[PDB]
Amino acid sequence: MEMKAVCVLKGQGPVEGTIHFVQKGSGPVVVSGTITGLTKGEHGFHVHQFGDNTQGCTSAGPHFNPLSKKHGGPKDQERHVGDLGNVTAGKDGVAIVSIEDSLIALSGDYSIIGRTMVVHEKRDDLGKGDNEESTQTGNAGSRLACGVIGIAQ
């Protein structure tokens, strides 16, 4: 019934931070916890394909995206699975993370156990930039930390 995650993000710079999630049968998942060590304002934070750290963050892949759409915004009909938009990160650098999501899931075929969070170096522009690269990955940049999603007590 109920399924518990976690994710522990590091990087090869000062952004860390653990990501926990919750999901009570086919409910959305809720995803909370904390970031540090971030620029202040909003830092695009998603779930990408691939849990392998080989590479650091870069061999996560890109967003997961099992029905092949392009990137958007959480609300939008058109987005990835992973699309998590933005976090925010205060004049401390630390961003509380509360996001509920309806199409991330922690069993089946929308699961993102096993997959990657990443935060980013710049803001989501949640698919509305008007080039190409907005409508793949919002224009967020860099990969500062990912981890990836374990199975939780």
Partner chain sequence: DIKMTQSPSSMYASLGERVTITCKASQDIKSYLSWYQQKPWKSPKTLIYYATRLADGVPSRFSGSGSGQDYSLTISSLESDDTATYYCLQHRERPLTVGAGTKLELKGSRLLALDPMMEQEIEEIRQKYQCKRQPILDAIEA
Contents of the next structure:
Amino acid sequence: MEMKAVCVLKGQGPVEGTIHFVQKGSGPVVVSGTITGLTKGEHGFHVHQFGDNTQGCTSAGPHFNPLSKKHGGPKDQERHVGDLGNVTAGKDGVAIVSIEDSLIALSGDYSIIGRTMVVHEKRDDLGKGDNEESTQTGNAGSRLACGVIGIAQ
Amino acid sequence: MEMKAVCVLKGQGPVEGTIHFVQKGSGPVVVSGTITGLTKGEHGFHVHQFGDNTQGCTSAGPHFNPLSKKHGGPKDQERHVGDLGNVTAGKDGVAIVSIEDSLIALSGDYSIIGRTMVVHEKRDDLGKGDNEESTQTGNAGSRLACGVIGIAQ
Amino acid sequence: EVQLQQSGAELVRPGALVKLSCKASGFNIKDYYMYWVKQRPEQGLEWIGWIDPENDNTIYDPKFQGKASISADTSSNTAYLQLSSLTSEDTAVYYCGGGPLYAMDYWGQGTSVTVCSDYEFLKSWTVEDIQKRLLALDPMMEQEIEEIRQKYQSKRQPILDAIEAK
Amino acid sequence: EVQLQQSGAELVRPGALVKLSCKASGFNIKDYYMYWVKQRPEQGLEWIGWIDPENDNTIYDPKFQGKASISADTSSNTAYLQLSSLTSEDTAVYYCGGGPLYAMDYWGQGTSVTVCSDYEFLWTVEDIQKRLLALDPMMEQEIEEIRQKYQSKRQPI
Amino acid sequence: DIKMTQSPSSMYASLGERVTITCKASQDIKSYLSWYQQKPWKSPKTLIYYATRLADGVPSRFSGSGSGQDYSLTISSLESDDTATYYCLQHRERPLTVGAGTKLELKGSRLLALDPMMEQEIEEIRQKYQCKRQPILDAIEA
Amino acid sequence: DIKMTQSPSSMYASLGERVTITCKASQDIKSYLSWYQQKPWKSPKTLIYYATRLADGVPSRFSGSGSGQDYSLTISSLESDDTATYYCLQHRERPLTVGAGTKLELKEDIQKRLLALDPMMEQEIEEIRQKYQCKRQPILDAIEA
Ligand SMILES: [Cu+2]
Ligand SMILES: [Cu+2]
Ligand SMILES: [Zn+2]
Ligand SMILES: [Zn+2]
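Having seen the form solved without its partner chain, could you give me the form solved in complex with its partner chain?
Complete assembly follows, chain above in first position.
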């Protein structure tokens, strides 16, 4: 029944955090956890394609997108598979992650196992921007921390 | 077609290294790369079960072993799936990794994607020891560095 | 347009209690933390503590836990610092600031506190003697002030010459 | 139980060349690096350089590259350090050691090198040779001070 | 308790020059580090937070970098306005602690700003002498 | 060039006491760091390598720790034998560089103490001999003129 995964965020800067993934049957993937050292506000949160950490977070590559769609928010139909929108940090610099999603998975063709979670400098505009960039990255800006997604207990 | 993976070793001590995995068709897995900051001699090198990095290398758990066998060398029949034997460091403290293996894989039930590579303090005795421990860990000793195995471009 | 208005200068007897204030305009203090910072004369900044006005939770440096007490009134949008058992060690400039946990977005202009310790010496003298000691002070103080005036007159002098040049 | 035997004390004129040696017994120097380390009097260690005897490749500290020259003979299992254009700066104890790149497993007992000016005084030949003879009693006297010093240290023990 | 240590303790530099203060923590503070600037007789001002992020309304000539235990503030092209004392603060662990400051003054080649400075210095002297009167006047009223 | 910096520069301590020298690098040396001990009138000896690994035949009271830029050697229970100068060396980058040393002093057995004296005395005499050899040197040059 139950697949579990885990992800430890790391970067050059002050950002840290552990993300947990649970998925029962082929129900939704429940993402949870905590991210620290953020500035107050919204921060783009996406599964990128590669779990390649050889060159920091740059080597993770673009948003995980097997259906060759354009970038969007989590509720859009036109979205990347990885596009999980925004996490929200308070005045304490902390974000509590709580996300449920159906397009991502912990097995099969849409598995995120062995790929990278990335939290971003700015807010993800959900693809509703005034430029080319918005339908690629959502103008979330630079990558503060990332981690490969591993199999958990 | 051709599956690729990568692993960045990290620890509190001096050990560092990048490991590369390639697998064409359902041929063997070619492991390659370089590990630095080792003492001269042989060092146990195993795929552990979980890519859980929350508590350093301890949270990786035991050797990846789905068939509930006992520990052995890479050429044994009675071995864990993760058991890749020993890497060898010179007087420069460096090991060049070069390994071909058929029991591990980058897909299917014997996939290592999303699990942890670990390099050890001592030599792996390949299960030929005079104690309990040998048929579990091969008396390889403590874990100097580890990393989750991610999908590479 | 954000501003932090701090209370005015204080001058108190040893052992006195004193209560400094910080009136914020331009932001709701509930959305921030209100910090207090001490700076002794010719020295660096020491952080005293902060309050989260949203729940009145306060963290302090243990060095000051007992002497210092931080509080906020969310209605008047004002933060407070209360120093008790004051000694000469406490003569300093106290700055209030507001910000997230990771930065100070806004700083006050600062409140000087000065704390005065000889009376036992003087108590059994004659009235003639206390009043001679008192009169000695005026020439001394006027002399020290005149040093400062001429110091600043010499600093003006070049600038004023440059103004008549242009 | 390994040993590094170093050459004996040297005492030379300014500008002299000197060549120190380090004979290893108990390990094959091919399996290691042979390091050299200088220690001036009343001071700390300076690392001079090392050689990989397996290929005669040498790293040096730039401070010494040119004055110092490191070599090994893998057959006689011996390492060498050669100091040229010697000055007072060079008066020091030179230690040889062997180890991987990350440790010194073995250290030598060390070789002292000492580098030594008078013309205005050069008088008659009778006078120079009286000054020369005066030195022997003076030195023997100074040695006897040291002997009695150490005799008083033995006495309690 | 984390000891943050700055250097140099003071320094001089000419206009246009490039300046680099450092701050060194006695343990890893994971870039939880803020830089404050304090001009003479003015309140501190926030330059940089989280090691490298500029605050609002800060000239871009100011930049910050570093990680682990070692950090630095860099003014790229020094204007005359920038003469001040600079302070580093860590908020990784409590209590929050601060460097002792680097004082920065000009080398080589704005009149009313002297008046507040002078009045401030005089007021120090007045309150100094008022605290000396205080005991004597208490003794008189007995 | 990496500057390795030790403190204290010297220190004094009673038997049984617990001692901690430190060594601080001007940049991250990823635990490529060795501790050497040098007793009076003796050749250096390797205590610790790769920051925390004891060498062979080193008493276990010796321990090493640290990472990044900051490291420390700790003697848990100080015996009298341990009076020495201690040195840290980094080999992360070339050239290899060394602390200036921390000198550490106190505030079958009779015959080991007795044998220690002979090398010490012979060393002091040899200083005197070479001292007087350097005094002869000029005079002998003047005689051949
Ligand atoms: Cu992203
Ligand atoms: Cu293992
Ligand atoms: Zn996307
Ligand atoms: Zn095994």
